[PDB]
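Participant: Residue-level listing of the chains:
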Amino acid sequence: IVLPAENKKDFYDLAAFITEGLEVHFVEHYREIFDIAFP
Amino acid sequence: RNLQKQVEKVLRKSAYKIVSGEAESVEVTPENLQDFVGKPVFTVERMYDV
Numbered sequence: 031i032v033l034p035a036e037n038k039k040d041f042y043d044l045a046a047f048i049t050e051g052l053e054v055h056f057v058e059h060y061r062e063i064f065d066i067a068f069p
Numbered sequence: 002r003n004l005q006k007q008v009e010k011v012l013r014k015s016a017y018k019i020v021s022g023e024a025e026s027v028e029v030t031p032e033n034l035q036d037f038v039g040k041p042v043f044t045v046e047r048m049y050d051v
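Protein chains in written order, with our numbering: chain A, 31 to 69; chain B, 2 to 51.
Honestly, I wouldn't trust all of these hints.
[As the list claims (entries may be wrong)] Derived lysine-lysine pairs resembling DSSO-like cross-links, with alpha carbons at most 30 Å apart:
#1 B/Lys-14 <-> A/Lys-39
#2 A/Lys-38 <-> B/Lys-40
#3 B/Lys-40 <-> B/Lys-14
Calculated directly from the structure, the hints in this document are not laboratory data.
Generate coordinates for the entire structure from the input sequences, incorporating the hints supplied.
Facilitator: This is how it looks when you write it as structure tokens:
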């Protein structure tokens, strides 16, 4: 998953079992995500 | 108004840590604040420098 960096705190408060597995990214200017989706 | 609710929450989660908690004197300090309120709900001030 990738989410705005300005929301990151809520992603680091959910119960741990829900969070296990998936990797996360965080960003503010879209030019970063464009360098993620197409490595 | 919202400041009212958050100060109320601080006092409340303090009292629970007195009625049974080891501490008999809560003293919030900026380092300690997380424990009672969790991580900040805001960090940016303006949406960015122009």
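Participant: Could you run down the list of hints and mark each one as holding or not?
Facilitator: Taking the hints in turn, this is what the structure says about them:
no.: 1; hint: B/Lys-14 <-> A/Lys-39; result: 21 Å, holds
no.: 2; hint: A/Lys-38 <-> B/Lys-40; result: 10 Å, holds
no.: 3; hint: B/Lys-40 <-> B/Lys-14; result: 16 Å, holds
In this structure, every one of the numbered hints holds.
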